[PDB]
Amino acid sequence: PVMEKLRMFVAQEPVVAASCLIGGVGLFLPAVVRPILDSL
Amino acid sequence: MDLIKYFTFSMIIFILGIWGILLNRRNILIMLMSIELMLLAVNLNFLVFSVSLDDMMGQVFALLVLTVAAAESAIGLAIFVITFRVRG
Amino acid sequence: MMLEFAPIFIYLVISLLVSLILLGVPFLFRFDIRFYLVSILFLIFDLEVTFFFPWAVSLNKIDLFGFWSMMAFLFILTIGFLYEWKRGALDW
Amino acid sequence: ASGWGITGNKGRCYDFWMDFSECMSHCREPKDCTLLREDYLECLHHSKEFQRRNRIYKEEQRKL
Amino acid sequence: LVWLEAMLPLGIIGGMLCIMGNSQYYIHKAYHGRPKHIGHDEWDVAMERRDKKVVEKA
Amino acid sequence: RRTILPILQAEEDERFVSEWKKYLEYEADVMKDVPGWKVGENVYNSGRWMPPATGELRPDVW
Amino acid sequence: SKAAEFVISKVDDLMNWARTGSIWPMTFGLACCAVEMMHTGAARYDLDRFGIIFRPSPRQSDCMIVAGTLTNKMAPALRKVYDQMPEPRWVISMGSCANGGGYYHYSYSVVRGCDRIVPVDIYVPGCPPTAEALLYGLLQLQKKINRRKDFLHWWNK
Amino acid sequence: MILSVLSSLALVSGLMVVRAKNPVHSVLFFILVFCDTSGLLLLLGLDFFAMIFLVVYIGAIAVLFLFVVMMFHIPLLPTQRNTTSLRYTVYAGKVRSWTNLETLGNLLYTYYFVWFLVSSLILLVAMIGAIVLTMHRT
Amino acid sequence: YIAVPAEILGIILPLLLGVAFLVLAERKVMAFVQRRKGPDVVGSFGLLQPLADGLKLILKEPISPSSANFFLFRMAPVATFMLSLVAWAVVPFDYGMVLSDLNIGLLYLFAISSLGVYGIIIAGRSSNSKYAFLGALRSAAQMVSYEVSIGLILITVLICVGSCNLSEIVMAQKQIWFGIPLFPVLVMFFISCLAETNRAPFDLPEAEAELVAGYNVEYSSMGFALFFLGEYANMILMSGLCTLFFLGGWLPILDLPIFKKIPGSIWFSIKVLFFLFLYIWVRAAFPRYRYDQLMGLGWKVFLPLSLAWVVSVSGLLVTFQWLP
Amino acid sequence: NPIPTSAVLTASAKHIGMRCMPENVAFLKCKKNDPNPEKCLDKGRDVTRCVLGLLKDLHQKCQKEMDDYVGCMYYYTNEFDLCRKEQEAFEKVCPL
Ligand code: SF4
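Protein chains in written order, with full-length UniProt numbering: chain A, 2 to 41; chain B, 1 to 88; chain C, 1 to 29, 56 to 118; chain D, 37 to 100; chain E, 3 to 60; chain F, 82 to 143; chain G, 62 to 218; chain H, 1 to 73, 110 to 174; chain I, 2 to 325; chain J, 10 to 105.
Don't take each hint at face value.
Far from chain I by the CB rule (all over 10 angstroms, computed), these chain A residues [said to hold, decoys possible]:
no., residue
1, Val17
2, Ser20
3, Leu28
No more than 30 angstroms apart at the CA atoms, straight line, and that leaves these computed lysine-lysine pairs for BS3-like [to be verified]:
no., chain 1, residue 1, chain 2, residue 2
4, J, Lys52, J, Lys23
5, F, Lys103, J, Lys41
6, I, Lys131, G, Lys210
7, J, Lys48, J, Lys23
8, J, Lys23, F, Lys103
9, I, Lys61, G, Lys71
10, J, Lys73, J, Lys38
11, I, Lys261, G, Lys141
12, I, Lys61, I, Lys131
13, J, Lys101, E, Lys59
Incomplete in silico selection of chain E near chain I, CB under 8 angstroms [said to hold, decoys possible]:
no., residue
14, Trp5
15, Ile15
16, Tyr27
17, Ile40
To be clear, the hints were calculated from the coordinates, so they are not data collected in a lab.
For each residue, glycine too, the CB sits at the ideal point set by N, CA and C.
Put together the whole structure using the sequences plus the hints.
Here you go:
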């Protein structure tokens with residue numbers, strides 16, 4: 002599965018994984034959370 | 001009369017850049033500075049025209065011109081350093 | 001609204017005068059490509075900052091459209107920087 | 037012409053341009069309301085007003 | 003106790019940093035009669051001009 | 082600021098009409114010869130009025 | 062001219078105080094005396110208290126401390142480095158090897174004293190001198206600097 | 001009179017750029033040309049562009065050029117007796133007056149957003165081109 | 002309109018004496034960290050030591066042949082010093098304690114910081130040496146590289162406040178400092194300011210420039226000292242930028258309406274000196290960082306991460322409609 | 010009695026915005042239709058006279074609590090949030 006390769010990548014590159022995680026959060030909030038709170 | 005002064009100054013910068021690029025066929029470095037001078041003169045033309053007419057299409061396009069100027073300078077110096085590697 | 005730059009001009013003139021009076025006190029008594063590459067990356071990632079500056083200030087006026095256009099711009103430059111990273115040209 | 041002003045309110049010449057365009061939108065010959073086109077053009081540069089003030093200054097100067 | 007000697011130069015530089023601001027504030031207040039406004043926009047400069055003119059007239 | 086300007090706009094209009102009639106009587110005074118001068122007229126063929134132009138681009142920043 | 066004599070005296074005192082309160086020696090330690098002189102700059106016998114900080118270059122150093130044996134191969138380098146120094150240019154000869162021969166003093170490749178290459182002002186003897194001995198030598202150098210009426214001598218000449 | 005002397009000095013610097021004796025001084029005068037130009041824009045009333053000219057032209061382009069050079073070696113007549121008092125100021129519109137930055141960003145990323153992405157593509161072309169040509173990596 | 006030069010001198014002279022006493026503080030704090038006293042003999046607590054240093058530097062022969070065109074070498078210190086001073090004309094000390102009131106005043110700071118690269122470059126080139134120029138060029142490349150991280154962090158700050166004006170940035174921090182939420186961003190900005198002034202573990206470029214050469218160039222007596230003065234003024238400026246943006250510029254830190262006797266002019270100075278103490282602490286707590294890994298770090302752990310922080314702040318603010 | 014300077018008008022704008030509403034609306038409608046100062050002249054005096062009457066009334070009814078408000082507004086360059094003290098001292102006696 003992809004989990005082993007993903008975890009090995011996170012272990013070797015901490016800064017890139019952290020940057021991707023924060024960027025994914027910052028892109029997921031306005032693309033998913035925003036429409037569902039727009040409709041209350 | 002300040003629009004006239006602005007336009008004449010920009011036009012003289014433009015013709016001076018043309019003068020610089022035309023004379024020295026070999027420097028290849030003054031040519032890039034002259035091209036930058038031409039782009040600068042045109043940017044001032046656009047900004048001054050935008051201020052005079054109270055229209056915003058002049059400043060938007062003037063700001064977009066900077067990307068072209070920077071890209072042209074970067075590629076120009078890349079090709080320049082490639083050319084210089086052959087001789088000397 | 002823009003008279004506040006003449007103080008900057010006078011400050012600059014006085015600072016130059018102070019530098020002169022500071023330097024005049026005793027008187028009264056070969057090629058590397060990597061440098062070019064880092065300069066190019068700085069230029070490219072400085073144009074993006076100059077583009078960010080109007081976006082951040084006017085971000086309130088524009089909702090879910092300017093933000094996503096700037097995100098597309100960032101994604102394009104991120105693809106560029108990813109090609110930059112893997113190819114090399116980023117470490118010494 | 038575009039209608040986006042520098043100060044953020046409106047182009048000072050936008051209303052004249054829209055009047056000219058609306059006239060031309062239902063006028064197959066341009067000669068009928070070329071007056072609006074002239075108004076828009078000299079609203080951009082204020083040519084006629086400057087010519088009139090030049091004439092006034094010439095009348096001042098000829099008194100020498 | 004004993005580490006105050008290291009904090010004396012910090013105190014000197016901080017005190018001169020605060021008199022840095024206070025000097026220009028007191029100089030500007032002395033002649034203009036008012037402190038400097040945070041936001042000078044075109045509307046604010048317009049009323050400043052009109053206030054100067056009306057005060058001169060009065 | 083939106084409940085204060087009508088009086089400021091009113092006094093600006095008063096000052097401008099004072100200056101405008103002064104300039105109109107000055108212009109009619111100089112031009113008594115060369116018949117065909119219609120003194121002060123709207124150069125705008127549409128009839129809409131705009132403030133007298135000045136050859137100073139962006140004057141409201143200095 | 063007695064009225065100004067007070068002014069010249071005060072100017073001379075101020076100049077000597079300025080030159081004594083801030084001495085920037087240049088470390089030229091090249092033998093076991095360098096270890097003792099390094100202990101002198103350490104936490105215990107703090108040199109930085111007396112305004113003494115070592116400099117890595119001779120172009121911005123007040124005095125020069127020659128600590129260690131000066132062989133024949135190094136004497137030209139010592140002289141060259143001493144030449145690139147400003148006007149005050151004091152020299153301290155720390156250790157027995159530096160201030161005249163030393164434990165060797167009889168060798169094909171030992172200069173019998175750094176005073177045969179550069180003019181020395183203070184001799185600090187010991188093999189190796191204690192950190193207190195080096196501090197006493199530096200205090201003696203400071204006292205020597207106080208006896209400088211350089212402005213008065215310029216006035217009288 | 002501030003405009004005249006600044007424009008003249010900029011013109012002199014631009015002239016000396018093309019007739020320079022060595023590339024170093026050519027780049028040095030090239031920097032002064034943009035310094036004067038930014039000052040002129042500042043006089044014009046556009047503070048944002050006046051400082052982008054420092055950030056881009058003499059912030060990155062001039063540094064790039066210097067790095068490369070280091071190695072590899110009808111008008112209205114001046115009569116204004118009765119015009120400085122004929123200024124009609126419309127106070128409406130002074131309230132909530134935007135700057136040169138808010139106005140630009142209002143319509144740069146929202147209405148004319150295709151050209152913005154085109155400029156991004158231009159930047160990407162420059163970034164790729166600077167690498168393909170000059171990666172020796174020996 | 003003749004009041005300006007008094008303000009200019011009142012901003013300049015305290016800055017120079019503060020630079021001198023900041024050098025003294027550097028020496029004293031490094032001494033105390035290493036269980037020492039530092040300059041104590043001169044003056045009372047070493048307070049007269051910088052004065053003695055200055056009078057000693059003046060009373061020395063100047064080595065000024067300059068071995069060159071005689072012009073470019075004397076203009077580099079002037080340029081760097083005038084830039085490091087003009088960057089101080091926009092700092093809003095308390096409320097009216099600001100010299101110039103730029104409506105942007107932040108892109109202006111970015112431009113001034115970016116322009117402070119030519120000084121060292123032309124200093125290295127004018128100094129005719131085959132390694133001093135190269136070291137100056139590496140230092141310039143380092144500053145240029147960390148400028149982009151500085152700019153991205155500035156954009157992160159500017160998104161929250163919504164306006165470029167420096168005074169309004171502090172005005173917007175009545176609720177919280179912006180340092181509590183953006184603490185990783187604060188650390189990034191501190192490290193970037195630390196690495197952009199060659200005043201850090203990020204120091205090796207110039208460190209080897211003297212080790213292999215000894216500065217055997219045209220070393221003016223105190224004409225060279227203008228570089229040092231400008232570098233320490235930049236230290237103070239970039240120490241104050243952190244307390245303008247991430248800490249409250251002049252607002253009380255954690256305060257009930259009881260400690261209102263003190264003014265806001267010293268709330269700024271205390272944070273500035275705290276950040277200066279942190280500068281000295283970081284210098285005398287860490288080993289130097291190689292230039293091979295300096296560039297790689299500055300390009301691969303700060304640009305992507307600061308860009309991600311920009312993206313996350315913008316996305317979170319937009320989602321919940323929390324914009325200014 | 011007070012001259013309609015920048016400080017007094019900004020300070021009393023709160024009261025102007027609830028008692029001068031019809032005249033201000035009429036003047037705004039007149040100005041929107043035509044930019045002529047000559048055509049907007051007649052409506053440009055009604056607002057002036059009503060605002061001057063309001064200033065007279067405020068000066069007489071709230072005398073001591075308005076002078077300090079104007080002085081502090083002039084001192085702080087019309088920044089409401091800074092002081093506000095003489096502000097509530099002003100609407101304490103003037104009921105608006
Ligand atoms: S004096 Fe003694 S310790 Fe010093 S260098 Fe000579 S032998 Fe070594």
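For this session: Double-check E:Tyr27 for me: the hint is only fine if its C-beta lies closer than 8 angstroms to a C-beta in chain I.
Result: Constraint on E:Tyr27 satisfied, holds at 5 angstroms.
Exercise. Taking 8 angstroms as the limit, does the beta-carbon of E:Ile40 come near enough to a beta-carbon in chain I?
Worked result: At 5 angstroms from the nearest chain I Cβ, E:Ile40 passes the 8 angstroms test, so the hint holds.
Exercise. Does the alpha-carbon distance linking J:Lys73 and J:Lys38 stay inside the 30 angstroms limit?
Worked result: Given pair J:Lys73, J:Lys38 is violated - Cα atoms ~37 angstroms apart, limit 30 angstroms.
For this session: Measure nothing beyond the straight line between the CA atoms of I:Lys61 and G:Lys71; if it is 30 angstroms or shorter, mark the hint as holding.
Result: holds, 19 angstroms
Exercise. Does the alpha-carbon distance linking J:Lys52 and J:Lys23 stay inside the 30 angstroms limit?
Worked result: Holds. J:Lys52 to J:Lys23 sits at ~22 angstroms (cutoff 30 angstroms).
Problem set entry | Satisfaction of hint between J:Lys41 and F:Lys103, Cα-Cα up to 30 angstroms | Within the cut-off at roughly 26 angstroms; holds.
For this session: Using Cβ atoms only, decide whether E:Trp5 comes closer than 8 angstroms to chain I, and label the hint accordingly.
Result: The hint holds - E:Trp5 has a Cβ within 8 angstroms of chain I, the shortest such distance being about 6 angstroms.
Exercise. Would the stated hint for E:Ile15 survive a check requiring a Cβ distance to chain I of less than 8 angstroms?
Worked result: holds, 4 angstroms
For this session: Assess, step by step, whether the Cα of I:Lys131 is no farther than 30 angstroms from the Cα of G:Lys210, and give holds or violated.
Result: Given pair I:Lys131, G:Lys210 is violated - Cα atoms ~43 angstroms apart, limit 30 angstroms.
Exercise. Is J:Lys101 within 30 angstroms of E:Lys59, Cα to Cα?
Worked result: Judged against 30 angstroms, a Cα distance of about 33 angstroms means the pair is violated.
Exercise. Is the straight-line distance between the alpha-carbon of J:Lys23 and that of F:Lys103 30 angstroms or less?
Worked result: violated, 37 angstroms
For this session: Assess, step by step, whether the Cα of I:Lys61 is no farther than 30 angstroms from the Cα of I:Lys131, and give holds or violated.
Result: At roughly 28 angstroms apart (the allowed maximum being 30 angstroms), I:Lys131 and I:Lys61 satisfy the hint.
Against the hints set out earlier in the document, violations occur for numbers 1, 2, 3, 6, 8, 10, 11 and 13.
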